[PDB]
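Protein chains: 2
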Amino acid sequence: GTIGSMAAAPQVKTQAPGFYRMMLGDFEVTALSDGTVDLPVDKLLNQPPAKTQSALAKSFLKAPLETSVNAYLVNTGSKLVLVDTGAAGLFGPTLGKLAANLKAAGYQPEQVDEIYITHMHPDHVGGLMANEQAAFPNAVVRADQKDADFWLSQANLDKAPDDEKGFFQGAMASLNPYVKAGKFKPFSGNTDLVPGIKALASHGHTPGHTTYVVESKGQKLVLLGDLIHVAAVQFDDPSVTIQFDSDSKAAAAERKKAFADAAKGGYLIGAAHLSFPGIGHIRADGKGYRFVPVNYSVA
Amino acid sequence: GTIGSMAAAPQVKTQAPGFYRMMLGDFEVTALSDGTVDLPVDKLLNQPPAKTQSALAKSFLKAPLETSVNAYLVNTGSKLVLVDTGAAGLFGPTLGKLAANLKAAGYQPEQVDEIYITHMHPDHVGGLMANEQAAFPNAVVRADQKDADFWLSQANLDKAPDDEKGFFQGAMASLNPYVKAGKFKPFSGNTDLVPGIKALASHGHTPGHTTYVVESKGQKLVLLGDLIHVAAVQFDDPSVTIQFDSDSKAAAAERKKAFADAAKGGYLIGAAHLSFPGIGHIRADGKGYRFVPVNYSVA
Ligand SMILES: [Mg+2]
Ligand SMILES: [Zn+2]
Ligand SMILES: [Zn+2]
Ligand SMILES: [Zn+2]
Ligand SMILES: [Zn+2]
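These protein sequence lines map, in sequence, to chains B and A. Quick note: the first sequence, position 104, residue 99 per the authors' numbering, numbers continuous. Quick note: the second sequence, position 61, residue 56 per the authors' numbering, numbers continuous.
Because the hints were derived from the structure by calculation, they are not lab data. There may be inaccurate statements among the hints.
Copies of one chain are not kept apart here, so a pair can be met inside one copy or by any two copies together.
Straight-line distance between alpha carbons at most 25 Å, and here's what the computed SDA-like set of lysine to any residue pairs gives [unchecked claim]:
{"hint": "1", "residue 1": "74", "residue 2": "2"}
{"hint": "2", "residue 1": "212", "residue 2": "55"}
{"hint": "3", "residue 1": "244", "residue 2": "156"}
{"hint": "4", "residue 1": "244", "residue 2": "72"}
{"hint": "5", "residue 1": "251", "residue 2": "241"}
{"hint": "6", "residue 1": "252", "residue 2": "72"}
{"hint": "7", "residue 1": "282", "residue 2": "213"}
{"hint": "8", "residue 1": "98", "residue 2": "-4"}
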C-alpha cells in the first residue's frame, strides 16, 4: 500500500475507454459510447409507475436508470461509416464522450466518409457539430427525408411547445454545417447506401426513424436506433411506449416487427439505448423477447 | 480518383483495454481480463456433443467457444487485493493480458497487498510469475491448504498423466517466488482474510477450490472462480460438469449451492469464465438459472 499494507493506493474510479471492437465478416464494427445518462423511466414510460417499478426490480434495477447512449462505426475495408454521433453537449455533462472514444478506437474524425443518422434527436446528432463547425469535416451525412422535413423546419420549431423547441434547435444547429456545405444527402425509405449497408425504414419513434442493416459475407448486424429504451421493460413487454416517441403506435409496431424479425433471422442487433455496447441476439420468449448479449471477443 | 485521393483507412482491429470498473459500497472493483481462449466444449463437457451443440445454438454460439479468463481487483481503502492472476504464458499466446490491463486500469503490480487464488489452475496462477520472479513484489498470496498441498506436491506431478503434468509444473513455477520469500500464506476452508473479504470453501473443481466473498455497506459480490465454464449450458443445467473438474460430483454440488444461494440472496457474482466482465445477478428459472449481467455504469 501507500503506507506499508495499512493504506491502499487511492481509488482510480474512471471507466475503461468506451469502445468495443467486433468483426462482422469482412467488416470491422466498433461500438462507441457517448456516455450514459440517468433517465426517470417511471415518468417516461407510458404505463403506471408501479408496473415499471416491478419490472425494474426483476432486473435488479431502480429508477432513475443509468442509460447508455451508443453509436456504431463500420469500416467496410473501403469506407468508414458512422451510425449516429451521440449528444456532444446537447443533453447534459455526462454525454459527449463519443469524439474521445472514436480517437481511442484508433480513428480520427477526418477519416469518416459518411454518417448515417437513425433519427434527429439530440443524443444522435449532437456529435456532428463542434464550435459552429462540422466535427467530421469530410463526411456526407445521410438521414430520411421525413426526419429532415420535420426537425429542420422553422414552422415546426415555431409551433412546438417550449420544452420541445430545443430538439428542433439542436437538430438544426447540428445538421447545418453539413447542409450549408452540400454534404447532407437525404434518402426516402428503404435505400442502398454503400455496399454492405442499407437504410430500412422504421418510422414511429420519429417520422423518419431509420434502421441500418449492415451485412458482410453472410454476417448481419441490424442497427435499430431507438426502437427500445428500457430493456428491463420492453423486451418482456414490447407494447410499452415512451414519451420520447413522436407516434407511440407506430413506435410499438416497429419495435415488435424488429424483435420478431431478429428472432426469426438469428442475426445481431445493435441499439442506441441498450447497455453498452448494446449488441446481441434476440430470441422469442412467449409473448415477449429475451436479449442475448454478444460473447466477449478479442482479436 | 481525383489528384492525391487517399487510400481507404485500414481496419484497426485491436480491442479496448480489458478492464471494467464497478463500485461495491465503499470498495472499488476492477474486473480484469486476461484475454480469451477457445475451448472445445463439445468434447470437454460431460454430456453428449449433440446436447452441447443444441445448447450452444440456442445462445447463438458454436464450438470451439471463445472463453473469457477473468480476475478481480478490489480496493478496500486499507488494502489492494487481487483475486486470481490469469495465465501469463502458460496456456497459449491469447492469454496473459492481465498485466497490461492492470496498468490500463491505473494500478501497478507493486501496489497489490494480497492475492487470493480461487484454485491453482494455470489460468489463475500463471500471472503471479514473470522471469522466475514474483510479478507482484509486495503481495502475500493466499490459497487453500488443500490446493497447495495437491498442486505443489512432486509426488502428484509424477503420478499425473503426461497431459496433466503441466498443470502441476505451472503451479509450482508460479508459486515458487512467493513460497521462497515466505509470502505464500495458506488458509484452511472458510476464513476471514481482510475486512470485507472472506474465503468460502467451494471444493470440487479442485481440492481447494475457494470462493471469495466481498462485502461493503451491505453490497455483496461473490467471486466464484471456476464454478462455471459454459454459461450457455450450465445455467440451464447446472448438473453438467467438465473434464477440468478434479471431482465432478462435488463440482456440480458446489455450483448448485452457489446458484441457489445467489438467487435467494439477490447479490452479485463474478466468475472467471463468464463472458468478460463476468459480473451479474442470478435468478431462478424453472429447473435452472438465468444470468443477469450488470448494467453498464460510468462514474
Ligand atoms: Mg425472457
Ligand atoms: Zn430518440
Ligand atoms: Zn436516443
Ligand atoms: Zn480451473
Ligand atoms: Zn479457469
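We went through each hint and held it up to the structure:
1. 74 x 2: between (51 Å within a copy, 6 Å between copies)
2. 212 x 55: between (38 Å within a copy, 17 Å between copies)
3. 244 x 156: Close inside one copy (21 Å), not across copies (65 Å); limit 25 Å.
4. 244 x 72: Answer is neither: 39 Å inside a copy and 50 Å across each miss the 25 Å cutoff.
5. 251 x 241: within (17 Å within a copy, 47 Å between copies)
6. 252 x 72: neither (31 Å within a copy, 49 Å between copies)
7. 282 x 213: Result: close neither inside a copy nor across copies, 29 Å intra and 36 Å inter.
8. 98 x -4: This pair counts as between: shortest inter-copy Cα distance 16 Å, intra-copy 34 Å.
Checked against the numbered hints given earlier, this structure breaks hints 4, 6, 7; the rest are met.
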